[PDB]
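Next up: just one chain, as structure tokens, the form deposited in one PDB entry.
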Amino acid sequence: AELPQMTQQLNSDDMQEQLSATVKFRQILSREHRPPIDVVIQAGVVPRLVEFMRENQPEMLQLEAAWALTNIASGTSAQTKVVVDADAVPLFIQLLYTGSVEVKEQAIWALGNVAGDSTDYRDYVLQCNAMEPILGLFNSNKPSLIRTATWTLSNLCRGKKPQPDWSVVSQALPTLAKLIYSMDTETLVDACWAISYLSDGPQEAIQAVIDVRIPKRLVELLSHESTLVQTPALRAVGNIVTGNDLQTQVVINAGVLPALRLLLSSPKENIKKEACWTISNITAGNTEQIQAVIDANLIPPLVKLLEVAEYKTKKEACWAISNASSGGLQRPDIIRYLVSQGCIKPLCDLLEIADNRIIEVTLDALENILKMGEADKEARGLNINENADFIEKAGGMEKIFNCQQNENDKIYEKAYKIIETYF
């Protein structure tokens, strides 16, 4: 752009006026708000700032330069691109083990901004072998360094399309297993988010989270004083129970069911929602796991949410109950319990406000309840299905056949099959 003698003194060989200029740029880029990154970029000072991060540059020069480049990288994607194109990332990484503690926090912050920009830059940071120096930071004690490193670590684990290199990010699991025992709240939060990202994938990824003894602590963190800790911990727990029955049983054995019960009455609506989603994944298991959910007294608050909670939460409670109802074939007492807890009317009432998908989910639940009813009255020699009466007395029999008006060709068959078979 324009600057002399602030760019020239930046290009000076005098180490003092090199620092004085860099500090000026840093103070400018440290946005109270809204900071003039573009005019700093077009001033052509970025490549020089990158030079100041070289191995044997003065410490305070490395610090101020990395700080300045950090804020430039915190801007738009195009502004972050400028830092990347200046080959600054490999120097950020080198400072993670060469620089002092203060310099390390600057560098790891910058890498967080770069990795948080896109999946491309996230992968690029990983391709530059950043993981090993980053994991080395957690050998340090300074809380502020640990806090920032954990944040950057979560940024490297985040993203699904595409997901990061598993062979790389999975190396952070033993470190994350320790980080969730931290006394620092913000460190806890980001560590739990990082785990939720890693636990989101195939059974191999889930098993890796299990093998480092993480689930036990996650369940304990569900009762943390802060909802900022509970939410990512719940997300991670919810991800693990998306695996097979064995992996789901581990979470149950860690005492997740009583914890989930308390979360059903959480002030945060989305915590309620994902608690129901988690339970629904567990009720989605085998007979004994559905029974465990029942024995943990989870159904009554679920039924209560199925009728009075917001739709996004209500639809998740539907999944939980609808799943559990499927189990009623192998154990009819499951259906008997569900019906006795008054689930039929909230299910039926949901049919007239739900999505095309949730209605289909609800219809399967009601069908499982009905199918159990006929199986029982046939084996006991009765003339009337009381579950069919319960539905009719709840006024849902009509709602069942107010769903064939619906133009989806398969909300259509079950709806009238129910009416044709039971009514």
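Residue numbers count along the first chain shown, from 1. For clarity, a rigid core is taken as the largest C-alpha set superposing within 1.5 Å between two forms. What changes on going to the form deposited in another entry:
Relative to the superposed rigid core, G44 undergoes a CA displacement smaller than 2 Å between the two forms. With the core held fixed, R357 shows a CA shift below 2 Å between the two forms.
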Second form
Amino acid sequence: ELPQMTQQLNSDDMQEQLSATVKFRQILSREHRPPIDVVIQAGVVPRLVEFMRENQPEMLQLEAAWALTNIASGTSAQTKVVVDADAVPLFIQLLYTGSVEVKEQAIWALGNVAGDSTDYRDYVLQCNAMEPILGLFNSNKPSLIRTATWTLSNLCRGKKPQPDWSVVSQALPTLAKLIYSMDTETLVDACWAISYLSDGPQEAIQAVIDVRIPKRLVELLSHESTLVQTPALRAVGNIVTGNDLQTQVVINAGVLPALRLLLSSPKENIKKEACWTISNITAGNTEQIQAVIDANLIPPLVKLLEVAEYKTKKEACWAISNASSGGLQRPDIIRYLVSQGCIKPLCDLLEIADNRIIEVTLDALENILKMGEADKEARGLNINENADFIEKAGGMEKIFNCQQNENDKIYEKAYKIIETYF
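Same protein, different state: after the form deposited in one PDB entry, show the form deposited in another entry.
Next comes a single chain, given without company.
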């Protein structure tokens, strides 16, 4: 009954317009396969957009926006029909004028448009959606907040290219409050948004720090649900990607005891992200490496370096190798790493690993060796103890076998250590 539905929609009678719009909303809201393409064929999308103009009755606005929400929920080609019909500035208007119902429907539509592509994401922001969107969070209706946070998250989302920072950074105070929510769905989505915004240069990380988000992030690391832990950990990880001062904020927020638990996670991505996070802290200064050591994080890292799945194992390698570079400033770091049995798993890694990891592992081994030589002069001795361990663990041959590597950086390094310590 599409041609008669369409005729009803073009009627000048308001009551018939509403009836038709409801009918369209219903078939686009049905359980199985909505006929989005067929509805577009009817050419009713421009008309549906007309029903969102400011002097239309609220109910017509609501129903029309719902229909346009679902048309925009399909393929990019179908979302394009909605966008090309200039629906988006009208969606944004409704965020101001509408009832809570209309607001929630309009922010839903905007979410679908934004989630389609980086171009459409950016288009929504160019239409100045951020201001009325932020306004929605002064509401106390859970479902409006929930939906809006999802839309806000879609706006923050993406890297190729990232969105306008001058715009999305305005949502940070809202997001800071939103991660205190008791609504799990709102929580999850706000953490995701924050994880997106925290992936960037010094100024982005600082902005996230300045609204005191890190403290709450570290708290959420011990949330019951991995749906919360994952994006929270991703954001936390992103922050310690920053300079030593910014990383210290996260440490002071108690991230280290929190990471201790995450190292045991059944969710491999959490284990891996935890190792990655730690590696960026052991990439910090000597006190920050020391802090990782004091937190008793090295034995779980060494076990993971030993037996975890390769991707996770790689990250553990970085954390331990990075920690070893603090050995020049204080030798006790190397002493401790070696007593925790890091040498054999480092050496064993030299075979199966890719060139990037090989270089990192060689660096780690050379740090262990440098300290070991210095610990001969410093206490009159004939043999480098760490060179012995490496030989006993079979690493000597494995380092030697690295000389047959296509990569010149790896070769020179493997050669230099073979001839200096062996």
